[PDB]
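J.: Model the placement of chains B, C, D, E, F, G and H on the given structure of chain A, informed by the hints.
Protein chains: 8
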Amino acid sequence: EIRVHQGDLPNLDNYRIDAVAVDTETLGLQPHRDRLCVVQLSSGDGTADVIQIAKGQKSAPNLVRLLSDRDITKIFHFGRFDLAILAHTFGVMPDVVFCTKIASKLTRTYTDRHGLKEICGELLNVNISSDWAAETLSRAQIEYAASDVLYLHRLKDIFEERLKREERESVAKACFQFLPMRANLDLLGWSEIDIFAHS
Amino acid sequence: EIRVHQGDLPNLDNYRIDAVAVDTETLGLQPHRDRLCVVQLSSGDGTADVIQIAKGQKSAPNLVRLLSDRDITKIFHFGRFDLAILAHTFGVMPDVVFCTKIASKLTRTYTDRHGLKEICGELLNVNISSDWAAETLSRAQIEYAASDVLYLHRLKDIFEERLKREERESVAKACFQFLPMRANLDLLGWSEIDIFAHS
Amino acid sequence: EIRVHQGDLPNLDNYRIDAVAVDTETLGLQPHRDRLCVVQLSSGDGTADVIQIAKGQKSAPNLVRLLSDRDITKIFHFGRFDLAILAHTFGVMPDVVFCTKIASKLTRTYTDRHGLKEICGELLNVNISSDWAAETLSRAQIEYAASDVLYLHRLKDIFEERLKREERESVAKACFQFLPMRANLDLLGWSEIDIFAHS
Amino acid sequence: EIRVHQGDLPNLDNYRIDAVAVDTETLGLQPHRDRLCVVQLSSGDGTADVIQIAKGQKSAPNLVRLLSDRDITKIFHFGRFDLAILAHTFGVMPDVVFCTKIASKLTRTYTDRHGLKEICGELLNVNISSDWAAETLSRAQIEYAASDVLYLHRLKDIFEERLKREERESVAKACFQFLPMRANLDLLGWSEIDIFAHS
Amino acid sequence: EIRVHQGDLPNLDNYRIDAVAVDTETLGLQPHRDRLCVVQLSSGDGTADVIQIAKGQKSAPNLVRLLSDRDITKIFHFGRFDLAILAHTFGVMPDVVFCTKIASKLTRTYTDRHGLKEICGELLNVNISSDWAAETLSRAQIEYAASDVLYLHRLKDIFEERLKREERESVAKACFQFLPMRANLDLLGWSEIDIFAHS
Amino acid sequence: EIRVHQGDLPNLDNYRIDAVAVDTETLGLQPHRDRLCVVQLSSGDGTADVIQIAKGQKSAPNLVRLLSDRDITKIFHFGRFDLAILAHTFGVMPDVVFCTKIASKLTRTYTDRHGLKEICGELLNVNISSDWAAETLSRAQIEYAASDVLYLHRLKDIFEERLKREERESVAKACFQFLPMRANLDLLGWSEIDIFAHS
Amino acid sequence: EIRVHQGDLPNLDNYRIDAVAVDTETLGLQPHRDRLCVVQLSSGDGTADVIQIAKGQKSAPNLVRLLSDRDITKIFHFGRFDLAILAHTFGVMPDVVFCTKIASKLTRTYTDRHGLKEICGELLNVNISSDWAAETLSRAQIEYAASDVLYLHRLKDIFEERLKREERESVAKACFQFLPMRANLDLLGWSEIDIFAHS
Amino acid sequence: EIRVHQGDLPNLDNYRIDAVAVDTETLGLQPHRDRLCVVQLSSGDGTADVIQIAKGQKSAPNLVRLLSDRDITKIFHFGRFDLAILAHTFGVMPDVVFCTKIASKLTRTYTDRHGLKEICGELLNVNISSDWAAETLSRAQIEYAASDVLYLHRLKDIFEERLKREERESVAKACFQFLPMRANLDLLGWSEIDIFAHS
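Protein chains in written order, with UniProt numbering: chain A, 3 to 130, 136 to 206; chain B, 3 to 130, 136 to 206; chain C, 3 to 130, 136 to 206; chain D, 3 to 130, 136 to 206; chain E, 3 to 130, 136 to 206; chain F, 3 to 130, 136 to 206; chain G, 3 to 130, 136 to 206; chain H, 3 to 130, 136 to 206.
Derived from the structure by calculation, the hints contain no laboratory data. Treat the hints with care, since some could be wrong.
Straight line, CA to CA, 30 Å or less: simulated DSS-like cross-link-like pairs of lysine-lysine [claimed, not checked]:
1. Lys107/C - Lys180/D
2. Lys57/H - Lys171/G
3. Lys107/F - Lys119/F
4. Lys60/A - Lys57/D
5. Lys180/F - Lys119/F
Quick list of the computed label-pair ranges, beta carbon to beta carbon [as the list claims (entries may be wrong)]:
6. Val98/B - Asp114/E: 45 to 55 Å
7. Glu176/F - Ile200/G: 10 to 20 Å
8. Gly30/F - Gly9/C: 45 to 55 Å
9. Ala204/A - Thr49/H: 46 to 56 Å
10. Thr113/F - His205/E: 33 to 43 Å
11. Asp164/C - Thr113/F: 32 to 42 Å
12. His205/E - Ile200/G: 23 to 33 Å
13. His205/E - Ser136/B: 13 to 23 Å
14. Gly30/F - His205/E: 17 to 27 Å
15. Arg161/D - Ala141/B: 52 to 62 Å
16. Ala141/B - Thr49/H: 26 to 36 Å
17. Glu199/A - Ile130/B: 28 to 38 Å
18. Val98/E - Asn13/F: 40 to 50 Å
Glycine residues also receive a C-beta, built at the ideal position from the N, C-alpha and C atoms.
Only chain A is shown next, with the shape it has when bound in the complex:
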């Protein structure tokens, strides 16, 4: 089941959960040039909500309420980007987050391939652009967009098990705590700079 909406959620039903999987689609990698076009959400129950964002849209009160609720962990893959584009679009930076890309880099030390496809293949044996600004999204587009959020909860559970096993929970927690500010630094103009590097 994939529910497609225009502009905002109708309500926050099905989203009283403790953690929500979140992803975005845009016109590109540069938030100042490339607008947010689609937002995907999942409660982890095997269904997803796909929300089409209009050009110039500045507000999405129910969605933004969800994004701002500190009692709900937002799960991303490479949240550095999604946090940046979400904050740029709606003016709210989430501050309770989990990133599967950071978790992979902290746990899957036996590989250099940390993409979502490879992670899903290794951990779950699950097999995972286009004009996202189109007025009407195709069925293939909607199914692809939903596929990016359907599995993030299971990955979070496995990565939390691995982080506990290798005793890296506080490292991951500190990285996730800093991640929203890393995204803010990207938005402010340091996107090409490792702020902690010697040069």
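T.: Frame of chain A, contents of chains B, C, D, E, F, G and H only:
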């Protein structure tokens, strides 16, 4: 005035201050191979303390008490390294820090030269290896080691003025808050990895 | 229908249109060394004309009349090259042009693949060397040469829709206006120089 | 004589001239992050005006009137940057410009050093950062800022002689005509992209 | 036949042989961060022993007795790594070794592909990650781990024939004699340094 | 028909021809380290001779007589290597040569792929390591070795047609005349140096 | 003594010599764009002739007679360039040449610095751009231009001694024999291609 | 005192010492092309012997006796090269060696500059090409050649102190033991290959 000590401070006098400038010298850039040899401290009063650390020394209770005191800000230049070597040597990671290198990268956006010599030259018009494991340090070594801490307070004051002026105080605060964990990540084996990069 | 000609068009029939798709084939990427061998034209009606150019040929009055007519937009893919080789061969630089490669770089910001095959695949679901100096071209050569012009009109229509949608029409217009001079700069000896770069 | 102003010119006297030398200073190379701090102007009479721009200043009617006057050529060195920062700050893009950096690249083909210092050294035997946001600029800062505009007229005269001599006037004219749109492309987010390159 | 053990060999039966094939699996390429998880052994009789090593395990007396026995040649592929991780884990550096990777580099001079898969393909026509820290290894994991040791004896025989044929036996012997110290240098912190290079 | 010989030709029959296709196989790319193992010859009649060269063999009088005969053009693909290894092994440098790799670089200007497989594919629609020091070559080895010489005559004919067509015959002739000295320069120690480059 | 001429030599006096030192100056490194502006000649008697070449000049009969005379060796430093520009300007390619840059690369194997300044410094202890198209050359320009030819004879003598000493005379002779064709290849469009390289 | 000899030592007087400093000069970095021209020796008493080696010289019995004597340690700086050229010239590979470059890389971990000049500057405050094949060496050449051996004993003493201090004596000993075979590998054709690297 440069006070040279063996092993530890005799007491914590002159160090009831709100912020202390800290620097280290080692046998190299790799904390697991290159031992800490000298630690420099200054209260900002134009004097410095230079503490020679012995091979295999595991404890320095007065120094470590200072390093652990959360009411005293530790000022570094490129604290990413000093925090790592200090934590590796004495087992205590400072958690209240200020880094002039991060501050320069956040404020001196008109240059790509962020070294201490260039910073001192631009901001203060002040003009700033060897076998640091020698049993007896030379006078030139002692004076050079002291010169690296004598000016960090004045730099911190100027950088705080610039951070306030450009409205980047919360960004800098979050970077400084994460810096000890960046150093821990370096110590654990991710020293060559930008943990937030896409690849 | 692919009409193959020797030297020049017999007349300008079927070419009273408002825009003509144009492409070339040569012996290589260097106009001073690698001669123009074939020119392809299409009115957009699903047919193409393929004109074999002889070695040392200096004139093609009907073709050059078409190329010089300011009331007819010449459509290219990467016109920077075709304009250069056409001007070098016949002495006339077109000044009313549309380039699908520039348009892709101005609109398909969600990808780094701007080749004609990828563009045709994404926008139209259409699936797209050899001795072009041969006295007799093979049937496969003729069909391949025609395939490069059969779809440029449909691409121009879609790219114009996207340029209007993202409000970049005046940017594209200025780029297309400068493109003939970019080709002239290439012909004069600056082909390896970004004339606008700092270094 | 160097006249220092706050905010704007008092009037447009001394600036009825046919061409004006223009330069800027900023907090860095990124117009979205690094604000315009100082603007320098010269009529070519050996004097200069140095205008300090306040943080958040949105208007400078006399200056902007000068920048918008199509009967006055604006002379820059590497105008790609200055045009971008000026348009970003005051909302007006000059469209009658001359760039000594483009002219050097089109005429000084016997060297790969096109900086202003090298140009002034070769063509005139004339011998040519800091916190430009300071409330009070130092005398050294003011003299340095003025030195960047005092010689652009003489360079323009020599470069025009060379462009006429080598018969490249129409090439240069077309490059200068496109330069404001190159700056606009930079402002819109393509600053790292050669829009005319194959890849 | 693949025998899977927990912690150590039950005894040293089947291992009175003159040469033993040895391989390891770990959590990654960095012995200080990535623990040894599995050790594979073979006597060359077409069977293998797969020994799961527990987290924090410091001793394996029967295995370590085998590793320390100077009358038994230990065969590795790229022993530089395995020797390092074995010495780091159990405190014993083997000093009688044969490395098929060094042998390939000394004999297969007609190729630049020296991986085990390519070697097995060329010399034997034999056709050759995952969470190796899992409490229970899968059947696929066990079979893959065994496949890495089943063929090293046959490769050693062929490489010894080639080394004799091309008269490079003393070169190979000296390289193998130095290899344990190369591994020690890696363990001590010079893993990224060619100690014999000019720079 | 592939005739396999030990040491030398039995006689020079079938080799009164005006041009002979020649190729070699070795233990690698470095003539001082990697010995010549096999020589292949063809008269162009669709048959080939494959001559196994013994370790330490210094003479092959019939073969060397053929290689030295100035009335017979030796055809190579990338003769720079074959000439070097032949001269190093038998002490005779051929001085009447044709190289299909140079010819391709002088004629196939529309591609950057100049390997023998690609050349045979484009020009002829013909579809084209191992231990070459083995005492007995396999049937697959013999057939592969023969396949490298069976087509060089047809390529030479086509390349000569193209060189005549594009009026580059004297350029190619001078390149072929210099090629033996290029090979000698390689043998003397300048194999990594473009002797004509500025740096 | 430096004799400055317009267009051509008045006669060929002082130039009955067996070898002449030759150099050129141009507007740049690209013969198709950057015209020949000055030619320098010396008989080796410590004097030089400096001939200003006019824009568009196609003939210089006395100079070209000298350049074409096969009984007179033309000495260059990096003749690859000078031969190309001379042949492009006057239509005559010298075929009896000596190049000090090739000679240095064949003899000064103990250094990687083969520029004329370094050669003159090492071999002779002699201590060695601008608008060369100026109607009137300055005295400094004339003296600099002459300094580039005053020493080539002495260098040729020393390099010939070294080539004889190291037994590389026939190698150098073959390189010099090919050099005019290397220059022709540059003129034809292969200036960026090592025609003898594998790739 | 610098004693200059032709061909060989007259006798082995002054060389009953326990360690001898050794250096060479050649025509370049490639032993197969660039012959040994000069050998320098010192007993450590502040004097040196400089032995000119003739072209084609195959024997130097007194020198080679010294080089072969296992009771005398040969001290080099970057002995990898000197050992190679000595073995290539005289057929004897020393097997008791000390290398100051390896020692620096094992002890001076606080710098990346390991050249002899920098080492002498740091450790001793001592301040440290040409045609070495000249029949008569100049006084400057002789003094420079001697300066390269006059200080190696003092460096060896200091490096041995540092190796003892940091407990790396057995590492250094194993590296020095392998160094002659590293030089042999260079001579055999692996000079560009790190034989222990993964790729």
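J.: Would you mind marking each hint as holding or not holding in the structure?
T.: Taking the hints in turn, this is what the structure says about them:
1. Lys107/C - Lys180/D: With a Cα-Cα distance of about 25 Å, the restraint between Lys107/C and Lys180/D holds, given a limit of 30 Å.
2. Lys57/H - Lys171/G: Holds: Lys57/H and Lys171/G sit about 13 Å apart, inside 30 Å.
3. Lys107/F - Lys119/F: holds, 15 Å
4. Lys60/A - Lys57/D: holds, 27 Å
5. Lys180/F - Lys119/F: Roughly 24 Å between the alpha carbons, so the hint for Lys180/F and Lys119/F holds.
6. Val98/B - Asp114/E: 45 to 55 Å: holds, 53 Å
7. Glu176/F - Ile200/G: 10 to 20 Å: Holds: the Cβ-Cβ distance is about 19 Å, inside 10 to 20 Å.
8. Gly30/F - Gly9/C: 45 to 55 Å: Roughly 54 Å apart at Cβ, these two residues keep to the hinted range, so it holds.
9. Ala204/A - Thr49/H: 46 to 56 Å: holds, 51 Å
10. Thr113/F - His205/E: 33 to 43 Å: holds, 39 Å
11. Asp164/C - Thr113/F: 32 to 42 Å: holds, 33 Å
12. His205/E - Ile200/G: 23 to 33 Å: holds, 31 Å
13. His205/E - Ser136/B: 13 to 23 Å: holds, 22 Å
14. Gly30/F - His205/E: 17 to 27 Å: About 24 Å separates the Cβ atoms of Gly30/F and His205/E, which means 17 to 27 Å holds.
15. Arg161/D - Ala141/B: 52 to 62 Å: holds, 59 Å
16. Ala141/B - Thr49/H: 26 to 36 Å: holds, 31 Å
17. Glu199/A - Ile130/B: 28 to 38 Å: holds, 29 Å
18. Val98/E - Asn13/F: 40 to 50 Å: violated, 55 Å
Consistency with the previously given hints fails for number 18 only.
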